[PDB]
Each structure stands twice: as C-alpha cells, then as structure tokens.
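Chain C is already provided as a structure; the job is to place chains D, B and A with the ligands on it using the hints.
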Amino acid sequence: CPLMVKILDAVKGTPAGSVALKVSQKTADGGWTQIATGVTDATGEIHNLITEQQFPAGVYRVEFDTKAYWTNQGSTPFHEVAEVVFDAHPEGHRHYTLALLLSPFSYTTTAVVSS
Amino acid sequence: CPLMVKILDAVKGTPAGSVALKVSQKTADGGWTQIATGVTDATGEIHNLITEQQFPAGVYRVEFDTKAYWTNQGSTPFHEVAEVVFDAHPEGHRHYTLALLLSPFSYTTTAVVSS
Amino acid sequence: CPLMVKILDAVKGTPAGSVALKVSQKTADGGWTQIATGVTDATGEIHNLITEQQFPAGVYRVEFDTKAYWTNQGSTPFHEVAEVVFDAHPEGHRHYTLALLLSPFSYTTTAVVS
Amino acid sequence: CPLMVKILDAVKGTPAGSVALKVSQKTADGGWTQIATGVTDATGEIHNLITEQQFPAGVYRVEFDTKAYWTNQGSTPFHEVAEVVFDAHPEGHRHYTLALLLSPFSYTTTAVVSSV
Ligand SMILES: O=C(c1ccc(O)cc1O)c1ccc(O)cc1O
Ligand SMILES: O=C(c1ccc(O)cc1O)c1ccc(O)cc1O
Numbered sequence: 010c011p012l013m014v015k016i017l018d019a020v021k022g023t024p025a026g027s028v029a030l031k032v033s034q035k036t037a038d039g040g041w042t043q044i045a046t047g048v049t050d051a052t053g054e055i056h057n058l059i060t061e062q063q064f065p066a067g068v069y070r071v072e073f074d075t076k077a078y079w080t081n082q083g084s085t086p087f088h089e090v091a092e093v094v095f096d097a098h099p100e101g102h103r104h105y106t107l108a109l110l111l112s113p114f115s116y117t118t119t120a121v122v123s124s
Numbered sequence: 010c011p012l013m014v015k016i017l018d019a020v021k022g023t024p025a026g027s028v029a030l031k032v033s034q035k036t037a038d039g040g041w042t043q044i045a046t047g048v049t050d051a052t053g054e055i056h057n058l059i060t061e062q063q064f065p066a067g068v069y070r071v072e073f074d075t076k077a078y079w080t081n082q083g084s085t086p087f088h089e090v091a092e093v094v095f096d097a098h099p100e101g102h103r104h105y106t107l108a109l110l111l112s113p114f115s116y117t118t119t120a121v122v123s124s
Numbered sequence: 010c011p012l013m014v015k016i017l018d019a020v021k022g023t024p025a026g027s028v029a030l031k032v033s034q035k036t037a038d039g040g041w042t043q044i045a046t047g048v049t050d051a052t053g054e055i056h057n058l059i060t061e062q063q064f065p066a067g068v069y070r071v072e073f074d075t076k077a078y079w080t081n082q083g084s085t086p087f088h089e090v091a092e093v094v095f096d097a098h099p100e101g102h103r104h105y106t107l108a109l110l111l112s113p114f115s116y117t118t119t120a121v122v123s
Numbered sequence: 010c011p012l013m014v015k016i017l018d019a020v021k022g023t024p025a026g027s028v029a030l031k032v033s034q035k036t037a038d039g040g041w042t043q044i045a046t047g048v049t050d051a052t053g054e055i056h057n058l059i060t061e062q063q064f065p066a067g068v069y070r071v072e073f074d075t076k077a078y079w080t081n082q083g084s085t086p087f088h089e090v091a092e093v094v095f096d097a098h099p100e101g102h103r104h105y106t107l108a109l110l111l112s113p114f115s116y117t118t119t120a121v122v123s124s125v
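Listed in order, the protein sequences are those of chains C, D, B and A.
The entry's author numbering puts the first residue of the first sequence at 10, with every later residue one more than the last.
The entry's author numbering puts the first residue of the second sequence at 10, with every later residue one more than the last.
The entry's author numbering puts the first residue of the third sequence at 10, with every later residue one more than the last.
The entry's author numbering puts the first residue of the fourth sequence at 10, with every later residue one more than the last.
Okay, chain C solo, but in the shape it has when bound:
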C-alpha cells in the first residue's frame, strides 16, 4: 500500500476506529477529483485504499471526518474536518504514512515517507 494512515485518540489512548476519509487528486484545471474513500479499522488504519496505479505523482488531499468521530463519542469538537494536502512522488516504491493524533480541539498531522 503506497498510502497508509494511522489515527490515534489522544483522550482515550487508543487508535481511532471508524474514521471516514476521502482521497482526492488535484487535476490540471486545479480542481479536485475524488479517487477513493474509506473507514479506519479498530487499529486506526486502512488497508487497500488506493493502488500504486491509482497513485501517480501529483498533489493529493486526504480529508478525515474528525467531527463525526467526536460527535459519536458525545464530545463536541472544534474542527469540521482534518485535511492533509501534499505533493506526492511515488517513485522507487515510495510509500507515505499519514499519522494523525486527535483531540476535540486540536490535532497533529505528521508524515512518514519511505524509500
């Protein structure tokens, strides 16, 4: 998998399960084309989100539905969504891991880029 995620819940100290996310690719005209959507499992990850064939070089946006994550827990969050925008160069089997630490009024997005 060239694009992976790892979401953690900073209130309970567990992975963030059942977070919905969408992957969008920026096109020539500057617009965004949705190319995939998924939901984290109980470990805060998604497997088989997009193939290397679906993941050419270019700018991508990954939108995490963090508001619903907190609302379904009875907490009231600040952010509508968490969006991670980055220029990708999957070359030489270069893989990207988007880590995300969630609190109701704050989140941290970091990237682990390999090969």
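Don't take every hint at face value.
[To be verified] When the alpha-carbon atoms are kept at most 27 angstroms apart in a straight line, the in silico BS3-like pairs for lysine-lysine are as follows: (1) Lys15/B x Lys21/C; (2) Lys31/B x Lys35/A; (3) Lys21/A x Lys21/D; (4) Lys76/B x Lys31/B.
Rather than coming from a laboratory, the hints here were simulated on the basis of the structure.
Quick look at chains D, B and A with the ligands alone, frame taken from chain C:
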C-alpha cells in the same frame, strides 16, 4: 479581533514570521468565498485579520502557506499547505485563536475559543 | 519575567487554569532542588514565577502536575507528570516561554526563546 | 512485549532511529532503579525492551536521550532529555506503546494502551 492566529516554529523555537494565509467562508452552494488575506508579524500573529462584520455564523477555512515558509527557511516541507476548517459560532458568538505549531513534516492545529 | 508558561487544554479548547508546577535547579552534585512553585491563572499563565536573580544560567526542570489537572477535570490521565528539562542561558535578557498542550493521554511541549 | 516505543522525526519525516533510552522503576522509598536500556532501530522501535515479568504494576520512567539525537542530526535542541512518567497497570495482557514525535524545540508524547 474575533479571529487571531499564533504560529510557532518548532525547529527554531521562535514565532513563525511572515507566514501568508487566506481566510475563506463556506457559501450556500458549498463553495468558498475569500474574505481576507494576511501575513504574520515577527510574533507569529496577524492583528485585525477580519472584523465582526465579516464573521457571521458558518464554516470558515484558514489556509496557511506553510510550504513557502519552509522553502524560504531552506528546509524541504511535506505539506503543500496547512488548512484549519471550523464552524464559527455554532452555539452562539465566540472569539477564536488559532494556534499553529510548524515543523517541516508535521504541524499541530489548536483552537482557543472564548466568549 | 525570564521564565513564562502557557498551558492549553485540548479537550475543551481553553487555557488550562489552576495547573500546579515546580521549578527545580540542577545541582553541581547532579540532582535537583526546588526553587519555586506556582499555579496557572485562568489564562494558563503564571506571572512572577521567578526573578532574573533566581534564574541564572544552568539546567532546569519544570514539573507540571498534569495528573491532578485531569483528575480535577473528571478525566483519567496517562502521565504521572509532565517534565520539561532544558539548559537555560538567560544571557542578554533572553526569555523562555514553555508552551504546553494538554490531553489526558498526550501532551506537547515546545519552547519559545527570545 | 508489554512496553514498546515508536519515535518519529518531525523534520525529516522518518522514524527516529538510534535513540537511546533508559527504563526506570520507582521504588518503595521513592527513588528510581534502572531496569533496562535500549536503542531504537531504523523503524523507531525497540523490540524485547523488557519482559512481562520485569514489568509489574507501578510507576515507570522512560528517559529518551533526544539531545544526543538532535546533536548528531546537526540541529541544536531545546530539551536536555524527553521524560515519560506513568503509572502502569499491566494486568491481563495490557500493553503500553509510548509514541514520541520529535522536533528540535518541541516533542509530543502520546500513549496507546491495549485492552485486557
Ligand atoms: O504513534 C504514532 C504512529 C505513527 C505512524 C505509525 O506507523 C505508527 C504510529 O504508532 C503517531 C500518530 C500520530 C501522531 O501525530 C504522532 C505519532 O507518533
Ligand atoms: O503557546 C502557544 C499559544 C497559543 C495561543 C496563544 O494565544 C498564545 C500562545 O503562546 C501554542 C501552543 C500550542 C501550539 O500548537 C501552538 C502555540 O502557538
């Protein structure tokens, strides 16, 4: 000021100065209307970024040009941009400070919301 | 004020008020000795924590009592405490701000140095 | 593996490899008794740091030598060390992962605790 920012540089241990940002407002049709731009001073802040007349209830987007900040610093950044997206005055009018902690491959967005 | 703090609460999006902390100095022995205490006001700050005379060059440990903070909020924390250890050089009116972002199972420590 | 770590480098976007750490166990008198040391591999993890028998309920301290890490990376760090202190109830196959995100002037410590 109803909308303040406070950007810090986690590499240098200083406020992030001269960071450019845009403030947008979600519209009825689901698009975005830009309402302001700004650039942080040397304390990492923008004074009088918007006024109360520009700030009715609704969803807003604050887009920080973090990639240009790290390029001018000589570092190579991951993120194309840093986006904070939130519903303003959902339960009534409030004031907002957006705290942002910047590293080349990571950032933390936090909100301080007061009456 | 050569040593300042700013503590935020990431659960409810406010400063963290009434957080107790201890400032310790490292001894030439190798251990710690407590030189001051304080408690954050409603803005997550402590004014007049220590003086420039109490804050000479040297290694310092600031120990934030985050466990008691989350207990008094009704939450279960992970950390027994939040410690920040750094080498201070207040040379040339150089001031330190320890920014601290608190969640029950996580905290971020960062420093702003003039 | 009841006590695991995961360290990342927020500047380069890689795991922080070759970080030294010391595991200490609070004693009845309040002192600390070192019980283990380790160094992260290239994934930012340490495997078989301590056994479940070495890890009874109690207060533990994990000290990460982040000053040496940043110096070797060519950056001047703020912190002398990163210290994670916590009360552990490892009853019923409860595992602790100490997650650590590092920048020269900032770090974030989080914990992931598995269920019994
Ligand atoms: O612990 C984290 C982590 C990240 C990537 C990964 O492959 C495994 C992890 O445990 C982690 C998650 C979110 C964050 O903001 C920082 C982290 O170190
Ligand atoms: O110290 C911070 C801060 C936040 C709000 C404010 O009005 C002033 C501050 O110094 C701060 C804390 C966490 C963070 O991710 C970014 C910050 O600027």
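For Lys76/B and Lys31/B, compute the direct alpha-carbon distance and say whether it is at most 27 angstroms. Since the Cα atoms of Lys76/B and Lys31/B sit roughly 14 angstroms apart, the hinted pair holds (cutoff 27 angstroms).
CA of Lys31/B to CA of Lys35/A, is that 27 angstroms or under? Within the cut-off at roughly 20 angstroms; holds.
Check the hint pairing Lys21/A with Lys21/D against an upper bound of 27 angstroms on the C-alpha distance. holds, 15 angstroms
Given hint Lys21/C paired with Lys15/B - CA-CA distance at most 27 angstroms: Since the Cα atoms of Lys15/B and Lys21/C sit roughly 24 angstroms apart, the hinted pair holds (cutoff 27 angstroms).
Every hint from the earlier list agrees with this structure, and none is contradicted.
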